[PDB]
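All chains, please: the whole structure from these sequences, using the hints.
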Amino acid sequence: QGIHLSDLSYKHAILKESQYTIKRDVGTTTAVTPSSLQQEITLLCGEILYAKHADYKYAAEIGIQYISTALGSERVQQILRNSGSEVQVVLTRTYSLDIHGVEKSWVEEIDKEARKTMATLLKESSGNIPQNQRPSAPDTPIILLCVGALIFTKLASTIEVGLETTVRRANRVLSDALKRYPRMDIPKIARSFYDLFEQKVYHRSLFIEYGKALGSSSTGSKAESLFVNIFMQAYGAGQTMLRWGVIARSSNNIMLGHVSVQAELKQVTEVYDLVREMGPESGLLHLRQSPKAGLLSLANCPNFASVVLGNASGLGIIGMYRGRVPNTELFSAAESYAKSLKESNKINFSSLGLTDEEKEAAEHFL
Amino acid sequence: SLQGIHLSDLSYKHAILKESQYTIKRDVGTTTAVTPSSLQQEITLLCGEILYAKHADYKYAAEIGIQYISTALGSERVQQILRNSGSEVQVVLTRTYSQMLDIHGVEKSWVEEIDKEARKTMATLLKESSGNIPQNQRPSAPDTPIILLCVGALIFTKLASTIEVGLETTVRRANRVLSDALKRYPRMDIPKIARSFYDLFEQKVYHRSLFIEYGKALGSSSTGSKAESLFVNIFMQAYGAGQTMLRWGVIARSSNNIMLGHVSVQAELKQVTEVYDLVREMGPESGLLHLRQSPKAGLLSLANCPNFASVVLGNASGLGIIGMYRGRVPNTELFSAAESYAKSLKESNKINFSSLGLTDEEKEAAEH
Amino acid sequence: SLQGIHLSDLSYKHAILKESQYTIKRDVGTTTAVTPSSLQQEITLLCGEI
RNA sequence: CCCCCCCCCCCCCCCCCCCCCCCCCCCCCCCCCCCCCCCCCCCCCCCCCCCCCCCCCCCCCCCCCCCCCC
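These protein sequence lines are chains G, D and U, in that order.
Reading the first sequence from the start, the letters are residues 4 to 99, 114 to 383 in the UniProt record's numbering.
Reading the second sequence from the start, the letters are residues 2 to 99, 112 to 381 in the UniProt record's numbering.
If you're matching positions, the third sequence starts at 2 in the UniProt record's numbering and goes up one per residue.
Keep in mind the hints are simulated off the structure, nothing from the lab.
No incorrect hints appear here.
Here are the simulated distance ranges between beta carbons: (1) G:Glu377 to D:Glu377: 20 to 30 Å; (2) D:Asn362 to G:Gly340: 47 to 57 Å; (3) G:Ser39 to D:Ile335: 43 to 53 Å; (4) D:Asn362 to G:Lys359: 32 to 42 Å; (5) G:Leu371 to D:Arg185: 32 to 42 Å; (6) D:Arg341 to G:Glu377: 30 to 40 Å; (7) D:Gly311 to G:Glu20: 35 to 45 Å; (8) D:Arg185 to U:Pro37: 44 to 54 Å; (9) G:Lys359 to D:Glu374: 52 to 62 Å; (10) D:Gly340 to G:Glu20: 46 to 56 Å; (11) G:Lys140 to D:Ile146: 46 to 56 Å; (12) G:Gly118 to D:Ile335: 48 to 58 Å; (13) G:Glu20 to D:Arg341: 45 to 55 Å; (14) D:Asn362 to G:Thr257: 42 to 52 Å.
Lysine to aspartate or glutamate pairs mimicking EDC-like chemistry, simulated, CA-CA at most 16 Å apart: (15) D:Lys14 to G:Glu298; (16) G:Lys205 to G:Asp58; (17) U:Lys14 to D:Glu298; (18) G:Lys363 to D:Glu346; (19) D:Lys363 to G:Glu375; (20) G:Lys363 to D:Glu281; (21) G:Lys359 to D:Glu281; (22) D:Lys205 to D:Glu177; (23) U:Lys26 to D:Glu241; (24) G:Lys239 to G:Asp193; (25) G:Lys239 to G:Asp156; (26) D:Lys26 to G:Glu43; (27) D:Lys55 to D:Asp202; (28) U:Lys26 to D:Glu77; (29) D:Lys60 to D:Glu120; (30) D:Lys60 to D:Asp212; (31) U:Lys19 to D:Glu298; (32) D:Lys26 to D:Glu89; (33) D:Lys363 to G:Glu377; (34) U:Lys26 to D:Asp156; (35) G:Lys217 to G:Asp28; (36) D:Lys19 to D:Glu294; (37) D:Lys239 to D:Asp193; (38) G:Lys239 to D:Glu215; (39) D:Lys14 to D:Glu294; (40) D:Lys359 to G:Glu375.
A virtual CB, placed ideally from N, CA and C, is assigned to each residue, including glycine.
Structure below.
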């Protein structure tokens, strides 16, 4: 019985022992906006949504600039330094907004194009444009960031896959925002955000800190309360396998009782126990693109993975999941049981805890 | 043996929204009116003037109500509340001119209109009354701001639905609730006043938690007014805001709906449990989360358990509670079944001599 | 199995009416009569007169 | 009242040890395969509802304890 190694725990324990700290992004510089310029960046965000622009390259950087004003004039540097990146910040100024890394030409284009659209429309509206339709509306940066939130959820897949999902969901979710700013190019804005999250990796954890911070506040906007709710659906990032694993247990799939699957029990247990060891940060590990992540891989248990996927297929959840199936045999079996389970209707009078005079009348149900 | 397959995801989801050491500074340039405690009598009169006469416009009616709350809570204590709500908005102390009130954001023209129109109505009526208008019918009565805020309290309850739905409910209930107030001020335009409050709660989101703090504060005091004790009681019926599903969930358990025993529903047990355990984790603030328009809210969604939701709604339909609830029904099959059982339960009369714990000489007579 | 489906709403409802760190200042201008302890015999006589 | 008898203690014998014996002493590197992880879907919310309302002063008896003997 003494033949036992708790390897996975030790594997994690070694990634804590590092007393030494990595200083990556040595020369790098990124734009930060002081809290004082929140109204100016709000207007710029609105301008992006308000008119149909030629280029949506820096759209995401503008969104990050609103986060910057919301979190702190200089509190942002602290977050970035603490994310592991030794990148330096650059406080954006005003001229007659000068955002670091953002072409002055682009800023002027966005402003010019928006003013042109405002003039055209105000002539038609007979001088009547309500507050809610103007680029000045305070919720415009939140709307911009909500497109970013949707691409944040699908950061686990292709740059492509994410755009589909973003567009589809944005139509239902940002329904009313689209009514007021029908000129918002969701695909180009969403592309700017994918490009940003991929290049400036530290902005992933800055976005997380905005989410965390926003989630805490007493009073949120209708737009703000949406943002966090998109951010939440992003929690089980890259861990879809572990969550479908609990679903297989809940379904009581008889294939989880297979001798070859039973053999992998200790490895499976080790992974779920590492999640508890890591606590709340465990979920967003894959989302942060953390090197630590991947310890939560179910590679060590291929037969279990096969059953979990089979069960998901049988229940009709699997959808477009590309996850490789090691044991095709076990998969098919788990799928068959789950399909039979799916259709079958049964009653646990054990669970309900009724009187045997209420349980008497329940039998009478034809 | 296969028990260690468990993730407490919902708890972690909440735990992440506590880890935020960093604080958001929204509403950077914003300014709102505050009235010092000293001007409580002047704002009381203005509140009464709104109710007393039939006015042309009831735009700032809600802001006037907030101004009474301001006097009641604190000359400058209000800034603290607003700053602590997450909004970095600045306050502006309302002054006096000639005697009138200069409220920040409120058009001087509007203040004068409300006053002028009320004086005109007082003059018309005093001629009819033969110079006799009792204290209780004058805009000067001290309970007039509370009456104004009670219309706001009714729209506060229906902040969970349409701007429209709320007005129906507000009007209906106001007739029964503010029965006697309406007798003294029959000129109070409940729909316009209630509209001003919806507009205010939607625009100045920080005033939602200011209203909550007035409610919390009022709820604490030793002696309240008859009007004040009504306000809190409207505010209480507002506690289960947006969580109607969880409360109907306990009703389904209390009804012992056999559909809660369905295999597909049994499968969702752990998710359902996780949501009710998050309520306990969040404690008393859990209920008013949706009311505050808090981004944190929505973690209390029963989206993760569609089959359970179907049964809960079915049970509500069968018992005849469901009313005008637009809540989507994922499993139509389960819903119909739960509904049938609940309808049969509704009519059936049975006695648990097990629960009562009587002597079998009292249980003897009960059979008779 | 079906345990855990419970909300202690009424307790929370009360708990919220304790959290009020802020205090209400109603009856801002109001004035009421108080009699000093020294005049207890005089007020006693007046009570008797009624 | 209590108390009230009787009453020193001890007293023999007797050195201990004495054999035998160092321990240890063989063999023996370890290592050696495979293997990135991910991939679906999903805004939430939506009903109803002021509570309170009856009746009702309590109290009301009796009773020092102690008291022998030694």
